[PDB]
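Colleague: Here are the chains, one letter per residue:
Protein chains: 2
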Amino acid sequence: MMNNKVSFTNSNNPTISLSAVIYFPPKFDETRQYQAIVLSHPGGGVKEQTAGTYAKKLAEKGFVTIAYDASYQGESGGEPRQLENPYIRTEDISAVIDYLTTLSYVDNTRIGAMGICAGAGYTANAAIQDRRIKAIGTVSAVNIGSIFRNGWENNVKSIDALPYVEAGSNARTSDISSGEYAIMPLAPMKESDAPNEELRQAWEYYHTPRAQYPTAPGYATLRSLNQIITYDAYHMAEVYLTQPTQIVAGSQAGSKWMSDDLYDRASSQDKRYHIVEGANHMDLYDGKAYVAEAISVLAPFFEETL
Amino acid sequence: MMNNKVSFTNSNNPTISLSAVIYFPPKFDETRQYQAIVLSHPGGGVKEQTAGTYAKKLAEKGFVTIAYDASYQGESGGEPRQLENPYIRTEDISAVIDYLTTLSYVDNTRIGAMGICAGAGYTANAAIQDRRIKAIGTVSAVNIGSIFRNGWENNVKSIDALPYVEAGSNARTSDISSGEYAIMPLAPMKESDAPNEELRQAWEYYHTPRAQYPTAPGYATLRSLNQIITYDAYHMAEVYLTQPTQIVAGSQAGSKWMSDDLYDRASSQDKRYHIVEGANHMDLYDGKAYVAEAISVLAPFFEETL
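In order, the protein sequences belong to chains A and B. Under PDB author numbering, think of the first position of the first sequence as 1, with each following residue one higher. Under PDB author numbering, think of the first position of the second sequence as 1, with each following residue one higher.
These aren't lab readings, by the way, just hints derived from the structure by calculation. There could be a bad hint or two in this list.
One copy or two, it doesn't matter: identical chains are merged, so the pair holds either way.
Unchecked claim - Below, simulated SDA-like cross-link-like pairs (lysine to any residue); rule was C-alpha separation at most 20 Å, straight line:
1) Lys190 <-> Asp260
2) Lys157 <-> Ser268
3) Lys157 <-> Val239
4) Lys157 <-> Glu238
5) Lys134 <-> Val297
6) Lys190 <-> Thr208
7) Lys256 <-> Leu199
8) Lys5 <-> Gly62
9) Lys256 <-> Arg200
10) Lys5 <-> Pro25
11) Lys134 <-> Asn170
12) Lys5 <-> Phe24
Extracted from the complex, chain A is given alone in its bound form:
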């Protein structure tokens, strides 16, 4: 067995089934009980993209891994489609973990989690509330709340983001009035909308053959915005984020301040930070050598912490 594609009931909301791929380690032996890693995808991303890449690479290193599509996203169930409820994205991880505990070849006591981009933020948040998570890893970490409220370069004061909470609120009014769901960009929806080359690379990832995938349109429901602005992925990290934490950020990443934020706020005794030289935010999604370096740091981390 190389991998398994499954759908399973989301224990948080049994009307929804999550779609996921489980990758098995080499010489997989079902009589054994393995360390396992849950992989959460970027904002607007799906299990076939970078998260799947990291899932597969990790499983090559002796773990059972799982890459799932978030509720309302990818091949997972749920309406409205492309909802970006950060609390739900966070709880999804706990649902995937429940699923894992149903598998005899997973050790419930050796389960970890990593995410990329927004998926990292959510992973952090998961680790805070779900004590079954033994260790976490992040790649190009995004605290979605921070990025939408204070800006890509953290130069917007939170109060000045008030018009965004208003827009998300008013969208709920339009949504019920029209019967449609107003949408908003995650990665830029048009190449020219990108304000810098990194964000242009994000557009490029989602809207060109670099990694475009039909279940990843690259927008979210606007109604989520008001919750996103008032969201903090690291909320209470100083108290509860105690699990071992491995951070991986590029040297040229314009998002690195969020990895810095996670690192500084984490209560963890064992918190680590690996800088990838020369890489920007998007570089870690799919640059062969970059992904290889990130794996070379993450796998021994999980091997020793799980």
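Since chain A is already given, all that's left is putting chain B on it; use the hints.
Modeller: The following block gives chain B in isolation, referenced to the frame of chain A:
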């Protein structure tokens, strides 16, 4: 009219219908646009209990009011029953407001909200993220996160609440294994369980004909505990809670400190605090004179701010 019971699709989760009761003011004219107030109920409470009492009496004072059952609770839909996901309890208020915007006789620009006990905390949270809420009021306010993490008396260090986070996490494992849901009391399930008179009065309210209602069993799903511990109903109040805020609490209330916390944290230029002398937490639920006083502060407040 006077009194109309309704059910409507929860716009945040269309598989769920909310049950609610709309109360109409004296000489209600449906061709007119009214000020409206959303009433949110205590933890473990329902619309037929104290929330419906406040809704009725506020409607007497000229408002259209609505008392609803939270998703997963009362007569509202959703499984598992008695879920106390604090993010969902908060978002429910936005779903209720969405419903109000479809009613021609309510003025979208004049909607306020109030809650009792935990529903007050949720109201605060709602005001932070839903800018359609123009003013808020609270009675015996509880920030459910605070009460579960730091205790009824605010004397438990947050880190010391870790075994409760663990307990909510492990509940998820046992829930999926057993096909059932572990539960936890909200108010004491037994008179003997009550460590003091105020909490015994909570028991009496929920489990004797004082105010027992069969859709209100008085427990929550244990799985929610981990989210509740890591929750703060007033998260970012210092930034976004700018709306006029009217606080009402009893001088004898052991929960008064959470009203103190709300008042202090709120950015609001117009924040008020009315103490009801001689009242405890539970007295404000159903004591004739105490309720009457609360209403005598709340009605003119909403009158001024909506």
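Colleague: Hint by hint, say whether it matches the structure.
Modeller: Okay, the hints, checked on the actual structure:
1. For a Cα distance limit of 20 Å, the shortest separation of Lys190 from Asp260 qualifies neither inside one copy, at 29 Å, nor across copies, at 48 Å.
2. Taking the shortest alpha-carbon separations for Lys157 and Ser268, only the inter-copy value of 18 Å comes in at or below 20 Å, while the best intra-copy value is 28 Å.
3. Within a single copy, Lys157 and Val239 get their C-alpha atoms only as close as 25 Å, which misses the 20 Å cut-off; across copies the closest is 10 Å, which meets it.
4. Proximity of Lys157 to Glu238 under the C-alpha cut-off of 20 Å is restricted to the inter-copy arrangement: shortest distance 13 Å between copies versus 22 Å within a copy.
5. For the homomeric pair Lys134 and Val297, the shortest alpha-carbon distance inside one copy (17 Å) is at most 20 Å, but the shortest distance between copies (50 Å) is not.
6. Proximity of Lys190 and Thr208 under a CA criterion of 20 Å is satisfied intra-copy only: 11 Å inside one chain copy versus 62 Å between copies.
7. Within a single copy, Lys256 and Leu199 get their C-alpha atoms as close as 14 Å, which meets the 20 Å cut-off; across copies the closest is 48 Å, which misses it.
8. In this assembly of identical chains, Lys5 and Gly62 lie within 20 Å of each other by CA distance solely inside one copy; the values are 19 Å within and 58 Å between copies.
9. When the C-alpha separation of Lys256 and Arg200 is checked against a cutoff of 20 Å, the pair qualifies only within one copy, where the shortest distance is 17 Å, while the shortest distance between copies is 52 Å.
10. In the homo-oligomer, the alpha carbons of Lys5 and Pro25 lie at most 20 Å apart inside one protomer (15 Å), although the nearest pairing across protomers, at 57 Å, exceeds that limit.
11. Within a single copy, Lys134 and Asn170 get their C-alpha atoms only as close as 40 Å, which misses the 20 Å cut-off; across copies the closest is 13 Å, which meets it.
12. In this assembly of identical chains, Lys5 and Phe24 lie within 20 Å of each other by CA distance solely inside one copy; the values are 11 Å within and 54 Å between copies.
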